[PDB]
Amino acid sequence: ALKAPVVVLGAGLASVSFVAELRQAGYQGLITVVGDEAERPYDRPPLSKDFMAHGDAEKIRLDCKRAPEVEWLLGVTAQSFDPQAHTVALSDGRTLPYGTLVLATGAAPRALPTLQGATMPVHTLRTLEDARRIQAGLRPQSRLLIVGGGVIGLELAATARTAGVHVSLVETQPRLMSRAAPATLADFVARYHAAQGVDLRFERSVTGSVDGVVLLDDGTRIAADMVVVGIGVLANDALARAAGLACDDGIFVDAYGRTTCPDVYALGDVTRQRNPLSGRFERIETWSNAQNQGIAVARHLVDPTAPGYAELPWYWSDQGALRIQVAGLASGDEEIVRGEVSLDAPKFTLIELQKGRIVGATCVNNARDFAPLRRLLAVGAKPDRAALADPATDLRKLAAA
């Protein structure tokens, strides 16, 4: 159960949601949060979206007032922990004792070795600092090269195009968002960005760079004023690895957030956990997971009577005129398409089925359907394939089941 004092490593969304929930649940004991970034806790989603526009960090801070009497050690790095002695060594020379240790260290952007020593600016996008630097280079008429067709790269592509920047995007895979989205969506998104002026290149890899020019594996080249690398992230599990916990690009935890080390828990982007829909363990790198997992784990720690974490995964993406919401699995037995997939008036819904059962849903500029669909997904609904296809009200079908 809960043993005081509580020490949380990392001051991101997972950590903030966890501590707030502890207090809300009733834990009145000591809570200390260690965050290496010298910044008032903030939200990351805005960084590749609205923030690139207003540059106002005060519009993206997280609400830490819901977590009364918590000491936040900002600008401090947890260098290591001793599971035997139950202590944490900090970069400022101090040591913190703990009853319960929570690792919410997130993940960090993977680097591109071929660009080691590029004569032009090469950035990754994870922190407020990264965002400020990138935002500064988004001048009109400049040439931006984005390596990686994931949601964050595409959101930045859309943002940059709006600022009058010329954007080129290189992806090793034959499609965009190859990991997190259904093929139908990836095809439409590619078409949308192409139509926006984005120079997309699939199945191309960066091999190197010479005098301000990026070289591709197909013997061609691309001159860029700035390069932004977004080819995925790696779990910040170094402390857990050194302390002997089970890790493989992420700390393994069960539904209670427990690691293989007693009194040590983990939450957020840094964890490999069971995907309830696929039954497999994976790292779920979403905003809702960081928040929901932090809450679920805090609740069970205060009350073992509470159930383990069981929320289904979902995320959203804002890419220019596209408001994308994706829940569950990207593929299944069959796919139902509601509405029309038109570049002109994009507004459709995709439903992924697995033997009559809803296992996934995508909504593009159709938020009204997302809520019900998530409910249907939650109960493993198996609705009428026909009713599902023809313009029925999901809110209604959802209500029934």
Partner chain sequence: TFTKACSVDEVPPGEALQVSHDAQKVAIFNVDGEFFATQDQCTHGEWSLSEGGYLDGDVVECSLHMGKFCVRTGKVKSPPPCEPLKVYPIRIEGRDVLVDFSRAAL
The other form holds:
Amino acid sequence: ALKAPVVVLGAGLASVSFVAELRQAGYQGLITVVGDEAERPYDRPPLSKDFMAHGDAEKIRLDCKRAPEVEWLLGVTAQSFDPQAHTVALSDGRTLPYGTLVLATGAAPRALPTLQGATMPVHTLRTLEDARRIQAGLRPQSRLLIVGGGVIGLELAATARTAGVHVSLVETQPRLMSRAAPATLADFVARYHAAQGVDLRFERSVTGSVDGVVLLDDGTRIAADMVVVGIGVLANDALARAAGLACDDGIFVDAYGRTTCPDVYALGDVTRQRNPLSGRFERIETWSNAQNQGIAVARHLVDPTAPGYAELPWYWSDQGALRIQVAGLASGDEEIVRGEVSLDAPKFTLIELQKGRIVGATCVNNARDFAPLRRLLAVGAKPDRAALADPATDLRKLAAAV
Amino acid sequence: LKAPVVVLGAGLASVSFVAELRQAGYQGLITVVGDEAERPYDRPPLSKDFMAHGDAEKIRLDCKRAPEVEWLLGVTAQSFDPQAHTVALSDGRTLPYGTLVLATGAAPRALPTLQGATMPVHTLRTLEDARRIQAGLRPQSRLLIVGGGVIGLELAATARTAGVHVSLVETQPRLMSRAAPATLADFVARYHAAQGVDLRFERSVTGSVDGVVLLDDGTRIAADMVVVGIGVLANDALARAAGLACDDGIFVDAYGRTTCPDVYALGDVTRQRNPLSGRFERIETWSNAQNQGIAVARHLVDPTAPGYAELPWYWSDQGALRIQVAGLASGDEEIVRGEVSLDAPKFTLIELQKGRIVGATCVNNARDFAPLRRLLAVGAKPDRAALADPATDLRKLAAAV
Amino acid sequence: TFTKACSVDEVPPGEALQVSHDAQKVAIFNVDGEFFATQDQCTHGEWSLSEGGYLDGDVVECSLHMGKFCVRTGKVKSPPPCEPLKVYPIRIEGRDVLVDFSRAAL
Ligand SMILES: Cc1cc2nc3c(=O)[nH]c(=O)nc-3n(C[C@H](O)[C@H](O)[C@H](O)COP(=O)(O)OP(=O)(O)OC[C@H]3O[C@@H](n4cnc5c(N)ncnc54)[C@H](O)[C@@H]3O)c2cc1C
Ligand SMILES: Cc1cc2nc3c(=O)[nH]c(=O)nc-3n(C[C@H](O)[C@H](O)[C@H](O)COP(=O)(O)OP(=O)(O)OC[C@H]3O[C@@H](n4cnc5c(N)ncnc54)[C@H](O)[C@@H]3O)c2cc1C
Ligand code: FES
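Moving on from the form deposited without its partner chain, kindly provide the form solved in complex with its partner chain as a structure.
Everything in the complex follows now, all chains and molecules, and the chain you saw is the first one.
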């Protein structure tokens, strides 16, 4: 039961998306939103794109326009809350009372401890401070070493290239994007990346540095004028474990965003929820989730006959010449291919199935397939195998019809 | 805490909760709801001595530490509406609650292969689920056993002693893989092996013909009976229809709370933080049920009391063996102590992880178990040399080091 | 200066044809009989709104990230887009559909 006052900790995409559904669903009680960053809440995905380019923080601004008569407290940290007093201590000395408390504190990046004391600069990229900072480090005749081959290593590599930097990349796995991409796509994309001016080093390790030169485990030397660490993000659930809620690198929540603690909710990167596709409680590190879990949770708070979050996971990545969309599971017992898998005209889709049922699907420069495959996903459909591989088949009339 | 208190289920978990609520102070109403007709009983002596004598009187739980409880025995809870603060039972009776406790435990996994297949087929968990067995373990008989799990191997060894021809086929290489150390599991297969038990491995299961029990290697496993012990699954249906966070158990913090306010969960039905790996697992033991249920009652009553914080531990009686296991089965090293003997066992395995004890195990050696639990709980890094000197006193060690 | 971007048939009800004046790619939509010409590029990830996108009513959805705008003002009806679409004046002069690739409001 939603009771005023409503207090949200974190002013990111989940916060913002969350309180707009509060009001723009008819809740005009008191709301306060706390964030430890000082600046209007800003979209994060454009940082890996546009921002290194025309470095405008003013077009990537989360526009909290749909949240009237909200109280923002930016540049203010939440140190702790008391579930038994129903208050939150902030950094500026103030006490926030609450009937309902929402943790939407996201995740932080797990920097390099081996690049602990590097004479060269290094940044973990997660904000509009770090953003501005790498970007402005991206000069034409220069070096840059990225550590990690996931989406941030790849996305930032790409523009580093467009920058004019000779980019090389350390990867600890034998593949890129192990966390959530079909292997085909991963193997595609790396081949995409080689053919552009990016120097890939799979299976390797950063054992340390020397003066101005990198140190892979194989004693390898790398002259880098700037380094970037995108080894992944850990949940910031610190205030959560502190107060006794259920946490395992992330805060557990059920279908309405409930925690194990009465009057406390949780959304976005910080949380661990069911993947209906797997059945396992995973943290889901997607914009997609950030927003829609946001909405689904604030509307159930305002309308309890309404369902809890049910949507299926999906995300994007826009690295170089590749507008990629990935939905549901990365893994199936069978894979189906459509289109032309070329590093110069790539325009295709992958479909992943499991005993007939679609468990997932990607799209590279083929948006028109995405929506219809996602809806097929959503009802766990097992369509006709041969039709799915028949390029005369349009997946919209298939998705739409039966 | 909010009366009336309602506990769903009446196994060891619930009976410990209310028996402790009372002790802790609580003078409020309390109603317990048990689908089986039986007064609360204990499950470990079902694969053990009950099969040796068989008197339900003998395997009975003390409810006198928990006075003034409306035990609804013989009834099943069909749902709860958390918004309404009510429980729907099968006797048509409704139950309003202030605090609601889910202590339903779990059920014996089934095996399709023996689904209406000639001879009797059983699981061991419930009392009724123990006498049909006890009436099948005829002194002269054969018998077969799926899975070398705690109840499969306990029943294998209570069998033999009657002069009843076991036969154990398991789908994995060793025994006791879910939790025991690989060291422990080898000595137990050789020990049972040395006791008759034609132990088979990585060998499931197809076709039973009133003699020809199921198997992928055409085997006259030969039995009138089949006791199946392939693991169990959380009875988390009602919390599930309720919308609480589940995944083959109800996720609870160390205070017992689920994601639904005013609803708690205890014992085998739960998924909770194991402080050794820091993962949420089902802790399906006798000690967790008892202990967790007490520590949830204790903090509910007193506002200050700390949350549940024991590390896992269990026991298994298999023939002459008295196996006691502490913590995780493995780390980066293992020290062995005492005698690893075929006919007269008595040894101790301690597991280490970058020098801190993270696991222990003792067989027919109970004075050593107790101290290692003690060092296992503080995070001790004792001297490994000394740990292996058979003259080192582990009590001396524990009660000081 | 108004310049003829297409015909009143090239762009039928509920559909939409781009127009590449110079390199001024422009989105044209027909909504129940009225034409509204917008900037073809989605302000979020500069995907094509006329080619691939879904106009439901006077609402254009993005197939890339499934963001949504109004074709009459160019105002986002749903993020990820943070910015409105700029939109061009549009005249119909018989069977021809006029756009002045200047005066594109925002
Ligand atoms: C570079 C980059 C590129 C990405 N690209 C994509 C993409 O292409 N597609 C996609 O689907 N996803 C992408 N993502 C993921 C997406 O941005 C996240 O899923 C989304 O931002 C989740 O936001 P959130 O609100 O849950 O957490 P956040 O956005 O981090 O918001 C958390 C806020 O809480 C503040 N906070 C934390 N602790 C406290 C405290 N104690 N007191 C006060 N404030 C606190 C934080 O500092 C921050 O202001 C990208 C992310 C980044 C960083
Ligand atoms: C034969 C056997 C031997 C064992 N031996 C050992 C051993 O040697 N060492 C050890 O550590 N552990 C042993 N265990 C495990 C230990 O006994 C269990 O961990 C323990 O009994 C679980 O406690 P519990 O109270 O949570 O669950 P349970 O004992 O399962 O009790 C839960 C009760 O809830 C009831 N219930 C479920 N749904 C409903 C409903 N809808 N309405 C009403 N009632 C409902 C169930 O029917 C059941 O009676 C053994 C278990 C068995 C079965
Ligand atoms: S490019 Fe249209 S919403 Fe992303």
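Note that the rigid core is defined as the largest set of C-alphas that superpose within 1.5 Å between two forms. Residue numbers count along the first chain shown, from 1. Shifts are known only where both forms have a C-alpha.
If you fit the rigid core between the two forms, you'll see the Cα of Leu388 move by less than 2 angstroms.
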